[PDB]
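> As a plain string of letters, each chain reads:
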Amino acid sequence: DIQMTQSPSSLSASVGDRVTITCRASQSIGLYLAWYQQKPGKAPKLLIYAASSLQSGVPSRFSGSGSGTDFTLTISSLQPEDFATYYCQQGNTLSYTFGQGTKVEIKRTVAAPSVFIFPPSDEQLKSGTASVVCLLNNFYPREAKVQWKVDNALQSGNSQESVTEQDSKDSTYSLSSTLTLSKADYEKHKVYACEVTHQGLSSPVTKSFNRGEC
Amino acid sequence: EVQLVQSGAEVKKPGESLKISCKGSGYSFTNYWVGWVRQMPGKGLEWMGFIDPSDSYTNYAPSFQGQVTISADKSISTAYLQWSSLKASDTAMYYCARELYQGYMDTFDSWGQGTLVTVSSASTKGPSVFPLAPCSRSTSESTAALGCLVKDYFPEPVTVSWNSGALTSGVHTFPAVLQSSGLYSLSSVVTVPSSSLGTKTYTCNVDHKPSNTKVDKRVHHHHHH
Ligand SMILES: [Zn+2]
Ligand SMILES: [Zn+2]
Ligand SMILES: [Zn+2]
Ligand SMILES: [Zn+2]
Ligand SMILES: [Zn+2]
Ligand SMILES: [Zn+2]
Ligand SMILES: [Zn+2]
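Taken in sequence, the protein lines are chains L and H. The first sequence begins at 1 in the deposited numbering and counts up one residue at a time. If you count by the deposited numbering, then the second sequence holds residues 1 to 52, 52A, 53 to 82, 82A to 82C, 83 to 100, 100A to 100D, 101 to 217, one letter each, in order.
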């Protein structure tokens, strides 16, 4: 029961930056902390052990320090291959525990999303369901608020969203939100709207359509 | 070189048993402990436990004690993780890793490629594919978005192409969401010149290997409903 707490949970950095990630143990672990790197879909890889010892084959821009309860992983001169998630792990006892991870993301300038709304298709409606989709394309940073309104009433509990990983070309995110109603409920209402709040937008943007005029 | 190679992805129903394997090569199997680590979808790494293959000694994390069995067959340099009765909550990627004692602590110096285990009461089902197209008069800027909604399939994954692979630039295919129905849904979109909307056709091609299905959908918005 040694709890490892990493901070921050995520950070954005530029190639060439000095990046510092910290790990705290709920009780002393001496020097017995290791650091791992993981990329999406791939196995972790060992970087540092015993707090400051570099694993064979790992670039020397990775360094570790600390003892007791407070530890740091430092990446000097961040490289493109270093954007990834990093986990600390204590091995003071045989009951190993990992920190919750810190994701190192790519910093870029603010970019407002382009927003699009899509009505349900006739073929879907025939089957009894209406999916309304709102797309936020190519925005940065990741933080965005998408609110669905139907007949100007805020919706809750009936939408799901997902977000892409940073684009390989422009380092932006895109987001899709789907509002799902039964056909009968869809046909009760007139106005369908998604309202988007983002740092890149001076005020929220609403995209909408009216059933019967779409 | 040291290699750990794990068995293939598994899709199981709750209550079923499962044994997955981890084969070590390029080193003396019995000389190193093998640990197991769980990673639930979108979550971090969790230590499960380890086995010392030289004497079959096992040790489990408190949370996993009694929930799973780790074993090893040193004659074939293989380690195993086993469940007698799966739960949906067991859905995760599972890694095996070799332990190398250095700097006076155990380190995981070599990892298997992971075995994805999906546990669900859902049955194999191919997707329905629906167009995502703007309302007729709502395209006012010089570029427009079109897409396909790939709905109600199981299990993951689907693959989506556009115009038979001819169209790749500006495509975003989103991570699938798991719906309350137990089926997945995802969208794939592409941004294109608004000019081209009446001149060029855009078709998404959706493959779902588990169901052996393929669906093409020309993206359109009909002028009456
Ligand atoms: Zn249609
Ligand atoms: Zn885009
Ligand atoms: Zn209404
Ligand atoms: Zn219409
Ligand atoms: Zn044997
Ligand atoms: Zn039209
Ligand atoms: Zn017609």
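Source of the hints: derived by calculation from the structure; they are not laboratory data. Backbone N, C-alpha and C fix where the C-beta goes; we use that ideal spot for every residue, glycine too. Possibly wrong hints are sitting among the right ones.
To give a feel for the contact side, a few chain L residues facing chain H, derived at Cβ under 10 angstroms [claimed, not checked]:
(1) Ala43
(2) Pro44
(3) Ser52
(4) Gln55
(5) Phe98
(6) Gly99
(7) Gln124
(8) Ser131
(9) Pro141
(10) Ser162
(11) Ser176
(12) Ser203
(13) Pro204
(14) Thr206
> Tell me the numbers of any earlier hints that the structure contravenes, in ascending order.
Violated hints (numbers, rising): 9, 12, 13 and 14; every other hint is consistent with the structure.
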